[PDB]
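Given as structure tokens, the chain that follows is alone and in the form deposited in one PDB entry.
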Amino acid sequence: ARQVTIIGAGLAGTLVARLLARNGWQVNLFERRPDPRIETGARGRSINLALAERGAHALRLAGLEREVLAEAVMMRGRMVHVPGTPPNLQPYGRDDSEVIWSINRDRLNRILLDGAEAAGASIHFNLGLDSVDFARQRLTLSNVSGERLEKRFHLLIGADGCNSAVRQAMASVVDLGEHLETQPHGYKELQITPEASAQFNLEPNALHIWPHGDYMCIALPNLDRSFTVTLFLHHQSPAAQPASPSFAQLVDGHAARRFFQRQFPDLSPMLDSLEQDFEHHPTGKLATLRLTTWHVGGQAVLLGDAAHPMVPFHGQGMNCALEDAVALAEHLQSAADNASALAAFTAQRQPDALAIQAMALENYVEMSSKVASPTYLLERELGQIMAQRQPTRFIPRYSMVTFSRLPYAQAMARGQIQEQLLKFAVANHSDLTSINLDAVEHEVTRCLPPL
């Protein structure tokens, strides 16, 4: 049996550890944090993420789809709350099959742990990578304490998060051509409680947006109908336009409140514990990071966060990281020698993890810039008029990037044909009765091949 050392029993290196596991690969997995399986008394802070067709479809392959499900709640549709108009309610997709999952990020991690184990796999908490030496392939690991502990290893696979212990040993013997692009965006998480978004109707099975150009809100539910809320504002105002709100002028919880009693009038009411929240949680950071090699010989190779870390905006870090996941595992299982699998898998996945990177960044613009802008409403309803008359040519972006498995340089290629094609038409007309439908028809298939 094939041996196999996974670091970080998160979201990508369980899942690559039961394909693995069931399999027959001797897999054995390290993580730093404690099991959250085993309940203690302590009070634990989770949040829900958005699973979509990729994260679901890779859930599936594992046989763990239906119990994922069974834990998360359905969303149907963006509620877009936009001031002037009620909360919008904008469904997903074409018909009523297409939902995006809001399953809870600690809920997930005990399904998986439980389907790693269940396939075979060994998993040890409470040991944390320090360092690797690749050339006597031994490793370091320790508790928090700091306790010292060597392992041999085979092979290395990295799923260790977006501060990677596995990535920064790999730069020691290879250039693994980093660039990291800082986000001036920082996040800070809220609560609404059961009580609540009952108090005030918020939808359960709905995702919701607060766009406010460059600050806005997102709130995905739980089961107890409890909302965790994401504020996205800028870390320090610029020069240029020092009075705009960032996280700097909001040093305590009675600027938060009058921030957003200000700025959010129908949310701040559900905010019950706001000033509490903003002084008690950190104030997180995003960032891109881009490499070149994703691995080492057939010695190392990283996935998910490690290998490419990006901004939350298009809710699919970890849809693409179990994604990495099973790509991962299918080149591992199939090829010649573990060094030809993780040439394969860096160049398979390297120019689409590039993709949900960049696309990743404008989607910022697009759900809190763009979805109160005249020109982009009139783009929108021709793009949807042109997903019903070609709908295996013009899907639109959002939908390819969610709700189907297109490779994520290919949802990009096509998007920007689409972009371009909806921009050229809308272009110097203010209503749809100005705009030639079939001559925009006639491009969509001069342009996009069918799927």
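We call the rigid core whatever largest set of C-alpha positions still superposes within 1.5 Å between the two forms. Residue numbers count along the first chain shown, from 1. What changes on going to the form deposited in another entry:
In a rigid core superposition between the two forms, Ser373 is the single residue of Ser334, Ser373, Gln90, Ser122 whose Cα is displaced by 2 Å or more.
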Given for the second form:
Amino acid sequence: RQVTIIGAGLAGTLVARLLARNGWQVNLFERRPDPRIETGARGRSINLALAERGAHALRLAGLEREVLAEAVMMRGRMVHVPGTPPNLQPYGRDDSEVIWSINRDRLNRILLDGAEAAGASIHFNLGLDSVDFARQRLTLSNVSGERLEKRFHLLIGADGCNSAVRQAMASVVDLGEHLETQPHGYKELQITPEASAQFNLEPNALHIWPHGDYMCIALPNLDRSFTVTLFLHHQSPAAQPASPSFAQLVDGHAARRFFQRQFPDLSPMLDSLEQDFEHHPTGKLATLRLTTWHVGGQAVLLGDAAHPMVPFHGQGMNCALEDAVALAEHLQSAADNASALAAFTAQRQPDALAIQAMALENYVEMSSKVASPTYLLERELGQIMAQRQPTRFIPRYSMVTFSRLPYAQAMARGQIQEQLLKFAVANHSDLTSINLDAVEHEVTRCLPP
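Switching conditions: you have the form deposited in one PDB entry, so give me the form deposited in another entry.
Nothing else is written out below except the one chain.
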């Protein structure tokens, strides 16, 4: 059985391994050069957060141990707000509930090796330009545009948030796209190993500097450096042209003054702020929803190609790897490819919609400069319900991050929990006046184990 995959990223490489291992003849085409060919170019420092959904996908693929050996454990959140050295907010009760910070390039290289070890053939420096579905032929080209045509039988679009496969499908079907732009851009910055140690930055934690309409995060690297991401509006809104935005930060010097004013405890840690600000490109964020993910039995999308989401829940890669497991499962045991692609789409679409929604919602959580007293009291009561009924009351962030519960169910159960806590806390200023056993009875009544 033959399959062509476009995009040797995270989902495309994993699905290539899973199919090749199961006897498929896999050809994988990648626009970029092979990152395993060492050059004299600058290293790639972006990292991301691997959680249970992605880890489990790697586990099934037999690659989890190799990946985790190069990942830094993040035990909890370190929230930096002015005047108060932070304390770790642990993610869970022990080190089984942690998130892993992994270098993106290293992860991609491990997956590339894994796909080839299973028998897939990978062809780099070839970007998909167009698809002729009627003649079953692809057109690819290198950076110079030197075209090259290939016959295909099954086409998997694993080619990212600006997928060319998706574009080609839109020529033969109505994808029913809903693009929702995000006002934040993002900028990568760096904290050196020396600086992070000088300022006693905890390596085994995810760090956040909330600031309302903008914020910075930092994820650790194995060498104690941190990769920092600034999230900030591209443009200053209409009824407030003075508020910060990338448009005001015309160069590295301006970025420094902005950081010294708004992130005074972080600015000293960013030695190369000016250079990194001007060198690294400002990224764009968006949510894109597709009614249609496949064309008959001929082509299917997965990962960012199928459902771009904002990065504020750290689940895009995790979702994409979950996608890859499901697609290989359906393709392996379906009656035919068309049946597989329809069943895969029907299964995954409700969950993709849910994590897209929860990711949007999580920005307020991350960027909030202070938690209202009514927020802390609900959280505290939720903690208590979790101890009495660890089988029933599980905070939504934990369901999303540390379990494989389908995203949609996690969102629905979170809704029940949110309303339960809200009514239970209203008109009570502290825990001592809340009828705790009544709350638990409501938990048991409304949340099945």
